[PDB]
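Enquirer: Residue-level listing of the chains:
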Amino acid sequence: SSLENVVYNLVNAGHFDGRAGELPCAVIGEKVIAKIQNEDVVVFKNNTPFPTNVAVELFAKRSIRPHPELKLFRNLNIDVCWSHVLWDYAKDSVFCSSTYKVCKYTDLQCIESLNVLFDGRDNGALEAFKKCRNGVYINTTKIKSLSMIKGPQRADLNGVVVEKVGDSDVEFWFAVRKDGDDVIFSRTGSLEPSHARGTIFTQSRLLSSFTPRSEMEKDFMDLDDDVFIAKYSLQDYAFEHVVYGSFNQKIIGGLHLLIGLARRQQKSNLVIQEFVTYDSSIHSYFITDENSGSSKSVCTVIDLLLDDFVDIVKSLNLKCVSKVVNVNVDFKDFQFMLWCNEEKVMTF
Amino acid sequence: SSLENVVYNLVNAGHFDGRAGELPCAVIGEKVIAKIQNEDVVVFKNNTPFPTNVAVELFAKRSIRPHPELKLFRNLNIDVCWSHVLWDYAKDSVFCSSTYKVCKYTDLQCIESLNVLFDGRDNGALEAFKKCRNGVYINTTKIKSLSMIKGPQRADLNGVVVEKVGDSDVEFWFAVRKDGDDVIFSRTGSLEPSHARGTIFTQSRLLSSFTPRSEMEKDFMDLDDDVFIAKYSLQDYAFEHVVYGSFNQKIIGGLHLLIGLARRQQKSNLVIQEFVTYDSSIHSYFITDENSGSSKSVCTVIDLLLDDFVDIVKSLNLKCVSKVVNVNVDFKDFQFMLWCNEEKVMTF
Amino acid sequence: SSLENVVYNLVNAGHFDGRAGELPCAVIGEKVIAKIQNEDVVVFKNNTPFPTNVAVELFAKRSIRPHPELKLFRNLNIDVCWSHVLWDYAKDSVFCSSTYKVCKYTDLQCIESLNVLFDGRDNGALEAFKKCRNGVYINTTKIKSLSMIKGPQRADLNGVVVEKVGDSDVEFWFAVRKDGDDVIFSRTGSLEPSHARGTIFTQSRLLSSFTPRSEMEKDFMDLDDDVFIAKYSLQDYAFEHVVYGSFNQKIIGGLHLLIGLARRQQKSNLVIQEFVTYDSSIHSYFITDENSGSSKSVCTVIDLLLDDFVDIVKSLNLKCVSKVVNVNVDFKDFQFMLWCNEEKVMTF
Amino acid sequence: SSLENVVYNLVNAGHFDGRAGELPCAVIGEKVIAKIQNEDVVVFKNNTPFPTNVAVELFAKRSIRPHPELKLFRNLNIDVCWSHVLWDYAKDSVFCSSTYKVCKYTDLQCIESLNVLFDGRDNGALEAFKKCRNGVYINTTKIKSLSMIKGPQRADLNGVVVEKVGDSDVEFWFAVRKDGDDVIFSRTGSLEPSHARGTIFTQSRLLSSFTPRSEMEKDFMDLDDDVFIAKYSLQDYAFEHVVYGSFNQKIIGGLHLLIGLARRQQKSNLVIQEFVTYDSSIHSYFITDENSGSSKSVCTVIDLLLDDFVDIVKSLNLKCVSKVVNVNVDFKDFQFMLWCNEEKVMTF
Amino acid sequence: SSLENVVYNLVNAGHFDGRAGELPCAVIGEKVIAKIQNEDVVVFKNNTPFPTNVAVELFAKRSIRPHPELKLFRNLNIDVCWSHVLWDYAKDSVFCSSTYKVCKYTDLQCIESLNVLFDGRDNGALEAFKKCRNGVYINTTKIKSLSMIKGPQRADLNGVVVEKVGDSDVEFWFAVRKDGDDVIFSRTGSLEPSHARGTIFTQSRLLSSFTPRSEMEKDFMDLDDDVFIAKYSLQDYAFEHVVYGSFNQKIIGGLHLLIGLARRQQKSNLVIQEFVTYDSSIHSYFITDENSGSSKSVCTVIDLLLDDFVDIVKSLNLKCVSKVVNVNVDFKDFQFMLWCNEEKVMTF
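Chains as they are written, first to last, in my numbering: chain A, 1 to 348; chain C, 1 to 348; chain R, 1 to 348; chain U, 1 to 348; chain S, 1 to 348.
For the record, the hints were derived by calculation from the structure and aren't laboratory data.
Don't be surprised by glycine CBs; every beta carbon is placed ideally from N, CA and C.
Some clues are possibly wrong.
[Claimed, not checked] Straight-line Cα separation of at most 30 Å, DSS-like style, residue types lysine-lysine; simulated pairs:
#	chain 1	residue 1	chain 2	residue 2
1	R	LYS130	R	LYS101
2	A	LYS35	C	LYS344
3	S	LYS142	U	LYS45
[What the hints assert, rightly or not] Pair by pair, the computed Cβ-Cβ distance ranges are:
#	chain 1	residue 1	chain 2	residue 2	range
4	U	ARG65	C	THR188	58 to 64 Å
5	U	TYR89	S	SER322	37 to 43 Å
6	R	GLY18	C	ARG65	41 to 47 Å
7	A	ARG197	R	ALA20	36 to 42 Å
8	R	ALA20	U	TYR89	50 to 56 Å
9	R	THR199	S	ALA20	38 to 44 Å
10	S	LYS131	R	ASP182	22 to 28 Å
11	A	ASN38	R	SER1	39 to 45 Å
12	R	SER208	A	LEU108	44 to 50 Å
[As the list claims (entries may be wrong)] Partial list, derived from the structure: chain A residues whose beta carbon lies under 10 Å from chain C:
#	residue
13	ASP17
14	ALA34
15	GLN37
16	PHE44
17	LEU157
18	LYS164
19	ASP167
20	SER168
21	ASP181
22	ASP182
23	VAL183
24	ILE229
25	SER233
26	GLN235
27	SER322
I would like the entire structure built from these sequences, with the hints used as guidance.
Expert: Structure below.
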């Protein structure tokens with residue numbers, strides 16, 4: 001596919017259709033200008049690491065169908081996608097830095113030992129998976145003939161986080177292979193051995209449009225801390241520090257759950273900075289509190305349904321000084337630092 | 001006019017005054033940096049197709065006075081503007097890709113057969129028009145001595161859509177020439193022969209700040225569909241599909257009127273993508289519905305006062321399968337696809 | 001410090017820690033791409049006048065601690081900062097165009113006669129100040145042994161305007177030297193001789209989030225002009241024009257106080273354009289009023305607590321035609337144009 | 001034609017054949033990289049004023065057939081070429097800044113009043129010429145039915161200056177139209193009226209490979225000035241100054257004929273600088289003489305067969321102080337400054 | 001001076017005249033395009049570290065008059081030039097990275113403690129020098145009232161190395177100040193104390209056009225090594241290794257004098273690579289010998305008149321193992337490594 005042909009589809013199909021046709025173009029810097037109706041117009045601006053003309057082609061051939069949020073594929077260490085390409089609207093670029101059977105200019109020659117992502121919706125996908133060494137196979141339907149584990153009921157659809165697709169709930173089932181064997185998932189136990197049940201998933205919310213998803217979260221959003229801490233006997237769980245956050249010093253104390261930041265945002269403006277942005281289970285922001293002048297260079301925030309978080313803490317028999325607890329979130333074991341006082345998610 | 005002199009006016013006059021003076025500059029990539037008070041500052045960022053230094057000059061000499069929204073000049077196929085230059089704040093660049101008597105670097109040598117835009121507010125404008133082969137002449141006042149047609153009562157003022165200028169209503173009158181003859185406008189009939197009255201104009205609204213402009217639109221915004229469809233006996237007009245839109249499938253059904261998208265936006269987040277952006281009567285978005293996961297790659301939306309739209313449909317004696325109806329909007333004949341079921345504006 | 005090491009700190013410390021470590025990078029245009037977890041990500045986009053790799057280093061070593069808003073350092077004509085670097089989040093770049101003891105690539109060799117900024121929080125700062133010819137020394141604590149003047153109780157903290165730092169009020173004391181002498185500040189008089197008390201400071205508010213800070217301002221925001229003008233016998237002060245602004249003509253009349261623009265914004269959309277953006281006591285916008293179509297290319301706005309403004313006008317014995325009054329704001333003498341009718345802040 | 005298709009022809013045909021096929025590409029800055037045999041290679045570097053992708057297309061579609069040297073088309077003021085494009089290997093870019101029926105991105109819409117170049121070798125060329133207002137028509141054969149004037153017997157063939165094409169002498173005949181009339185060439189008279197016979201043509205030689213073309217030139221190259229000046233009684237013609245050049249002062253005296261510079265180059269290294277480079281009858285160099293340290297910022301050199309030059313001077317009845325003589329060279333009237341002492345070609 | 005005005009002078013004066021006039025321009029990347037005669041032409045290509053528009057201005061205002069070769073000003077550690085700017089045609093950029101009273105965009109504010117270069121040919125130059133702390137003052141004439149030292153009889157004239165200027169020998173006299181005192185030069189002694197007479201100067205020759213300058217050098221160029229080594233009883237001076245160079249191993253042995261490289265070039269092709277190029281007394285090349293396959297990554301070459309070199313070695317009472325000798329060349333003390341075997345110029 002040529003540049004003019006790519007630029008043609010982007011403009012007439014909304015992505016790569018494979019339809020015939022050309023449109024006059026000009027690549028100026030990161031700008032891709034299309035001459036349309038004799039008037040020049042910028043149709044794509046390049047913020048990927050690829051050459052502009054190439055970059056517009058990847059973007060033009062991005063998945064326009066729903067798929068598991070990329071943080072999950074990050075946690076699974078996907079090296080490349082088989083016959084398709086994912087776009088990180090958070091990253092404002094392509095997901096994997098490599099392509100396969102997608103773009104002549106970037107497609108790798110060998111992906112043998114790489115950890116490959118196969119979408120059951122692509123023809124040949126499943127046959128490819130069954131023969132690969134390392135990879136993840138996904139399907140919107142549970143295959144009885146594949147050992148599989150179900151993911152959260154939400155997905156990335158053109159960068160939007162949806163929980164339904166045509167009012168039908170989002171469903172995804174994962175199958176995995178490593179060193180040429182099929183990882184056998186079973187109903188119980190922990191996904192990863194010591195170094196949990198692999199059932200916890202981040203909520204995927206934006207501070208700009210946060211929303212409570214349980215009667216408890218709602219109670220967090222509308223009840224004074226003391227009141228709320230009482231209703232759920234969170235008494236001895238340092239929630240004040242860890243989830244509400246303290247703004248009396250120069251360094252913000254705690255503030256590790258997203259919902260906490262949302263609650264703050266209600267009375268005080270919270271300016272978040274993030275130099276490394278893309279879908280990830282745990283974020284690392286540079287927070288500054290407008291009303292107190294308090295702040296923190298590196299403050300990790302994770303968006304867990306408050307309910308889930310409260311249990312994680314209850315399951316903790318916090319009677320040990322500096323204990324390093326492992327919490328499996330989004331199919332991965334993340335470790336949390338736990339002094340009988342603060343409980344924070346480490347910069348793993 | 002030199003770069004330093006342009007950069008001087010931009011900074012002291014707010015556009016090109018023609019006043020004398022220089023300011024030290026540096027053109028770095030698309031950036032134009034002015035050394036002001038010994039401190040370097042970016043005063044212009046280039047997203048046009050021209051060389052940065054040139055681009056800042058065009059922008060500096062942009063029309064700071066009101067004028068007809070560019071989609072209208074698009075519909076009239078204006079090739080270039082006579083002695084002035086228009087800026088598309090939607091496009092974030094210059095309107096026509098060519099200039100005339102404006103910028104030494106870009107001004108064309110011959111615009112004889114081109115379709116020229118003459119503003120009666122420019123000296124020599126009218127004399128130039130009367131001698132051109134193809135062009136449009138505009139004036140805020142109706143000239144008794146020119147055959148003219150009145151445009152909508154709104155205008156582009158620095159990219160803002162206004163309906164008054166000093167609390168005085170916006171008024172524009174168009175005169176047109178083709179193959180050296182004056183197009184003679186008359187009170188009745190259709191602007192274009194079969195292939196209507198040329199009195200329909202898009203509303204120019206932003207989904208971000210939509211606003212009802214008739215008691216009917218308001219009723220659309222606040223009454224349940226069923227209720228509303230009843231009050232106006234829209235019974236047999238498929239409004240459900242076409243104007244409210246259906247989100248039960250994977251592909252959004254209908255959703256072709258802007259006000260419809262606004263109404264949705266009330267309960268569900270609608271993420272619109274548009275690769276080709278500039279003022280145009282009909283837009284083509286890549287819509288995705290956040291609450292249902294429904295979406296459509298190419299979904300054309302036009303912003304017609306709902307009232308006008310309801311008549312367009314009533315005038316339709318929809319008793320014919322696949323009929324292709326022509327609707328003259330913004331001085332141009334756009335064709336709409338009409339099955340006894342869906343009525344959509346084609347990607348003309 | 002190397003690029004990889006800078007890019008490492010930015011990502012792990014949130015700024016320059018001086019910690020060891022490298023991260024693979026790629027400088028593409030103004031983009032700085034970090035290869036993280038085998039996935040390429042843009043961590044910095046260059047809009048400064050420096051070479052991209054250099055620019056990320058300055059930004060990485062920006063002051064993450066509170067400091068006086070830059071307009072104040074602008075008014076004091078600071079040429080360079082001693083051993084530290086300030087970032088203008090408004091400018092989206094570095095403050096001074098020069099560096100000193102901060103970046104090998106940009107640090108000047110001699111800053112002898114330059115006007116230097118010394119922060120008492122930097123080791124060696126005060127000793128350096130006491131020996132410089134021209135410079136300003138600042139400290140969060142009032143030094144009994146230095147002649148000093150107190151600044152406003154607010155500060156730039158990572159670009160956010162705070163009035164507390166750990167719920168403790170912001171405090172800054174300035175010491176100044178010129179031609180090798182210490183400027184001796186005294187309790188009374190005017191900071192600058194004729195060409196006032198040097199106690200007036202702009203409020204630092206954003207039209208996007210304006211907020212009344214006195215019962216008077218609140219009354220301006222909620223009482224009809226006539227009503228309000230009465231409650232404070234502003235009768236003969238042309239407030240209508242100057243502070244409320246007139247929108248009946250093509251050229252906006254008056255409109256020189258920020259709070260005035262905020263009040264407007266309540267019923268009419270005010271689109272502000274500003275080609276030269278950075279923290280400055282007086283701004284120069286290109287305003288356009290959406291509801292009236294009125295506008296002005298160059299319209300200077302200053303954000304003074306309305307209370308302070310009302311006195312400035314009262315102190316004026318406006319009984320003289322074209323009198324040019326000097327008003328000392330933010331440690332600097334700005335001149336205002338005053339006809340018995342309009343009172344505007346000049347484009348000094 | 002797409003980028004990949006252009007890049008394909010350049011690589012397989014050596015220019016634009018119109019053959020089908022694509023090659024993977026990447027446009028990085030002014031570089032055009034082709035992925036060939038899985039190895040990336042730069043096939044074109046952009047030093048034109050167009051966007052890189054566009055620039056390679058023009059170059060790919062350059063005239064690979066012989067044609068009159070561009071200085072001649074410069075002297076005739078050609079604005080654009082009809083259905084073909086010329087490449088200035090001196091300029092290292094395209095000739096005219098505009099194209100017509102050659103490149104969708106750059107082809108002008110109207111060339112009506114422009115001065116057009118029609119090549120009789122292009123189909124439709126002659127019919128187009130006969131209908132244009134202003135233009136030049138060329139043909140390798142003398143058309144009995146067109147008023148025509150013959151040009152020099154040499155041509156630009158891929159940037160090389162040839163005098164034969166398949167051992168057959170180069171031949172070109174020019175036909176011209178202005179204000180819709182055919183310029184009628186006759187055997188005698190002067191091409192341009194006072195403000196000569198239009199038979200003088202520059203020799204097209206490179207100082208790097210200069211070569212005598214008459215027994216006289218050879219005698220200039222091998223006989224001492226005095227000797228040579230005698231053999232041709234050039235006694236009273238200031239040849240010393242004007243053609244041999246004087247190097248005793250700080251400013252080179254004379255030195256206006258190319259052959260003169262070549263002769264010098266024999267014993268002293270002459271470093272020529274030229275900021276505006278392309279085929280032009282008269283050059284303007286910044287000469288510096290290595291052996292004497294003499295030099296001149298602006299020193300105009302023209303390459304006339306010494307024989308022709310000697311007559312031009314003889315025809316001059318130099319008995320007048322400051323007389324400004326017109327000399328028609330390469331179909332154009334260039335004026336020469338003539339004091340009874342120095343005779344130099346002006347920077348017309 | 002504006003861009004258009006700079007571009008105008010470059011084109012009509014050959015450098016900056018200060019004459020009035022503009023030329024349309026376009027800055028594309030490092031390219032500066034001038035629209036001349038309606039045809040776009042590149043007049044300057046930017047390989048300096050400055051922004052293109054700025055870079056063309058410096059180049060346009062370069063010294064077109066003779067001056068001491070830059071390596072000498074390098075050896076004197078000149079930080080900036082007073083009221084003028086030097087161009088390194090070797091470097092293909094500006095000499096000092098800073099300017100003073102030359103370019104608004106780059107001129108430093110304070111050069112007080114910097115080491116300044118004052119040219120006696122600039123008005124005010126000498127008065128400026130007499131008041132500076134650290135600097136060098138130069139004059140083509142020996143001032144009886146200034147302590148001065150004479151430099152070599154050759155100069156950089158537009159990048160060409162000349163020994164005459166209008167057949168008059170090149171002459172330069174240096175005056176120097178440090179810590180506010182005038183360095184007092186006397187007839188005898190060593191310029192620098194231990195850590196010689198300051199009368200040795202490199203020859204400034206190009207391997208491409210090397211030329212013997214003494215009957216001895218000529219004898220080196222035409223006599224077999226053995227023969228030559230005999231005629232000058234160079235017997236015990238390892239000249240074989242050090243000056244002729246050995247090519248029998250993989251690492252070239254010796255080869256530190258330029259004339260040696262020239263002699264080689266006679267029978268074997270010597271490919272020199274140099275990553276850091278500009279006028280410097282000692283070069284560091286990456287040499288590879290075509291006929292023997294021998295080579296050396298870092299091989300320092302200095303161009304001394306062979307005669308001078310032979311004495312330097314004779315003055316050496318080489319009877320000491322690893323002695324580090326200091327040799328003052330081009331006004332600077334460079335140290336040479338000297339084992340009773342090899343004598344090489346260190347990478348100081």
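Enquirer: State for each hint whether it applies.
Expert: Verification of the hints:
1. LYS130(R) x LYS101(R): With Cα atoms ~18 Å apart, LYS130(R) and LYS101(R) stay inside 30 Å; holds.
2. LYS35(A) x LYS344(C): holds, 26 Å
3. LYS142(S) x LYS45(U): violated, 51 Å
4. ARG65(U) x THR188(C): 58 to 64 Å: Roughly 60 Å apart at Cβ, these two residues keep to the hinted range, so it holds.
5. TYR89(U) x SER322(S): 37 to 43 Å: violated, 57 Å
6. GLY18(R) x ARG65(C): 41 to 47 Å: Because 56 Å falls outside the window, the suggested range is violated.
7. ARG197(A) x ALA20(R): 36 to 42 Å: holds, 38 Å
8. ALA20(R) x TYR89(U): 50 to 56 Å: holds, 53 Å
9. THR199(R) x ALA20(S): 38 to 44 Å: violated, 50 Å
10. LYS131(S) x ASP182(R): 22 to 28 Å: Because 27 Å falls inside the window, the suggested range holds.
11. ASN38(A) x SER1(R): 39 to 45 Å: violated, 51 Å
12. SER208(R) x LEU108(A): 44 to 50 Å: holds, 46 Å
13. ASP17: Holds, about 9 Å.
14. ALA34: holds, 7 Å
15. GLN37: holds, 7 Å
16. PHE44: holds, 7 Å
17. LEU157: holds, 6 Å
18. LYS164: holds, 5 Å
19. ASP167: holds, 5 Å
20. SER168: OK, holds: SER168(A) within 10 Å of chain C, min 8 Å.
21. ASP181: violated, 34 Å
22. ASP182: Check failed: Cβ of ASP182(A) comes no nearer than 30 Å to chain C, outside 10 Å.
23. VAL183: Where the cut-off is 10 Å and the nearest Cβ of chain C is about 29 Å from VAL183(A), the hint is violated.
24. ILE229: Violated. Min distance 32 Å.
25. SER233: This interface hint is violated because 35 Å lies over the 10 Å limit.
26. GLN235: Since the shortest Cβ distance to chain C is 38 Å, the answer is violated.
27. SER322: Because about 43 Å separates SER322(A) from the closest Cβ in chain C, which is outside the 10 Å limit, the hint is violated.
Violated hints, listed in ascending order, are 3, 5, 6, 9, 11, 21, 22, 23, 24, 25, 26 and 27; each of the other numbered hints is respected by the structure.
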